[PDB]
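The chain below stands alone, shown as structure tokens; this is the form deposited without the named molecule.
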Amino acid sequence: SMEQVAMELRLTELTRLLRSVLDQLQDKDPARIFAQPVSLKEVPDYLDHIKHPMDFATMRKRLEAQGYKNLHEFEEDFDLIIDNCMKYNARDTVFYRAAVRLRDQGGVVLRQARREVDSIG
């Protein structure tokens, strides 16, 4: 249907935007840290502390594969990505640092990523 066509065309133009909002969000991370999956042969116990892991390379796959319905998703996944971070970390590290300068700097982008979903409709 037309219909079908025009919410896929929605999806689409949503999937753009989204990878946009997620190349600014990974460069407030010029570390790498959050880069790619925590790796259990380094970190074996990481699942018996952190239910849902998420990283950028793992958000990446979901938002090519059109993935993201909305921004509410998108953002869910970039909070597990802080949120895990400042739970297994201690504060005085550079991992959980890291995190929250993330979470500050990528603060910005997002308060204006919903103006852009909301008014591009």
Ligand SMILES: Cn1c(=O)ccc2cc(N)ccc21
Second form
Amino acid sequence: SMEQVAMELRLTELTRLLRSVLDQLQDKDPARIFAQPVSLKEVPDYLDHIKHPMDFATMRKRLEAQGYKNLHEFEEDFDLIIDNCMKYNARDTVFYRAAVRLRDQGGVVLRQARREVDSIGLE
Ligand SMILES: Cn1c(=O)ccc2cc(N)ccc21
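Instead of the form deposited without the named molecule shown above, give the structure for the form deposited with the named molecule bound, please.
Following is the full complex, with the preceding chain placed first.
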């Protein structure tokens, strides 16, 4: 139906916008600490601690499959990256501090992304 096509166009446009947002957020992680899943070979106890791992590569996979239906779902995964790190790692670590900086700088981007999703009407 034409209606389903129109909805698919909206999703495609949302995916385009979120791809831009993802690129901007990842630029706030120049150390690439959050680029890939935490290695279960190198951190074998990780899943005992963290029940829902997340990372930028995993987000990108879901994004390209158009698996984010709204900005809230995207934000949930971004928050997982930050929140998982701030639990597993102590305050005095380069990991925890990288997460704090990513959260703070990312907030700016996500603030204007919300305005754009609402304005253009991509949900
Ligand atoms: C425990 N942990 C994190 O929480 C986030 C990123 C990370 C990266 C490496 N290379 C090793 C461990 C890590």
